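**Q** What follows is each chain in one-letter form.
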Amino acid sequence: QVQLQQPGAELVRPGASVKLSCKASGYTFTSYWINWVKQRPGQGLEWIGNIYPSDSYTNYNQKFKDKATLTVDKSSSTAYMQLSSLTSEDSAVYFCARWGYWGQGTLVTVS
Amino acid sequence: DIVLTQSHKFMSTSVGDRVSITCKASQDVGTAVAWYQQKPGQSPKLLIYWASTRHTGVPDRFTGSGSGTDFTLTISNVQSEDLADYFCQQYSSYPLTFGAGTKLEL
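Protein chains in written order, with the deposited numbering: chain H, 1 to 7, 9 to 27, 29 to 33, 39 to 61, 65 to 109, 137 to 148; chain L, 1 to 26, 29 to 32, 39 to 58, 67 to 84, 87 to 111, 135 to 147.
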């Protein structure tokens, strides 16, 4: 039913920025908070922050606040997240999620 | 910053057995705890929320329990399809945090 489509992978150059997309479909885009989660093979899951589509209100992890920016595009029902000054430590799988539904994730590889 | 410490990193067992994974919070989170199941190369799947409520689709085999600071995930009759990673998450206050995970192997 609900679907949070994320592109499979992203190859990025060290020190640059990356824009990750998350297209929601099958439910009212504005009534549910969208969270962004980071996953690196070695460690657990890490919450980056969230955004409420209706008014773009955001909460960020103190660890990721200036490093990431969260926005939405209510007309296309897409949520975006941008990371800058990328380094090897940012290579991981990033997932966008809402209650009960996680996207497939996007593998960001800095090389 | 609420820390979530899962008992073990790995746990062995074979089909038929009963397993219990524990999650201890460093602060009281009432019952605002969720458990996820994650198989390799896939995204996490919600199992339990509000400490003991089963989500639409999870089998009666899974049972959550606890409150305050001690939570537990219980699989009464471990089937092969249950071999995977299990995470607990807190959603009472920011930042939202997860446990390190517990791998279920044969």
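Calculated from the structure, these hints are not laboratory results. We put the CB at the ideal spot given by N, CA and C, even for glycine. One thing to keep in mind: the hints can contain errors.
A short, non-exhaustive set of chain H residues, derived as facing chain L with CB atoms under 10 Å [to be verified]:
(1) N42
(2) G51
(3) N71
(4) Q72
(5) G140
(6) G142
(7) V145
(8) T146
(9) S148
**Q** If a hint holds in the structure, say so; if it does not, say that too.
**A** So, going through the hints one by one against the coordinates:
For H/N42, the interface hint holds, the least distance from its beta-carbon to any beta-carbon of chain L being 7 Å, beneath 10 Å. Among the interface hints, the one on H/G51 holds; its C-beta lies about 5 Å from the nearest C-beta in chain L, closer than the 10 Å criterion. Interface hint status for H/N71: upheld, as the beta-carbon distance to the closest one in chain L is roughly 4 Å, under 10 Å. Given hint, H/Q72 at the interface with chain L, holds; its Cβ is 7 Å from that chain's nearest Cβ, closer than 10 Å.
Using the Cβ-Cβ criterion of 10 Å, the hint placing H/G140 at the interface with chain L is satisfied: the shortest such distance is roughly 7 Å. Hint status for H/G142 relative to chain L: holds, with the closest Cβ pair at about 6 Å, below 10 Å. For H/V145, the suggested interface contact is broken, since its CB lies about 15 Å from the closest CB of chain L, more than 10 Å. Nearest Cβ of chain L to the Cβ of H/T146: about 15 Å, over the 10 Å cut. The hint is violated.
Look at H/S148: its Cβ only gets to about 20 Å from chain L, farther than 10 Å, so that hint breaks.
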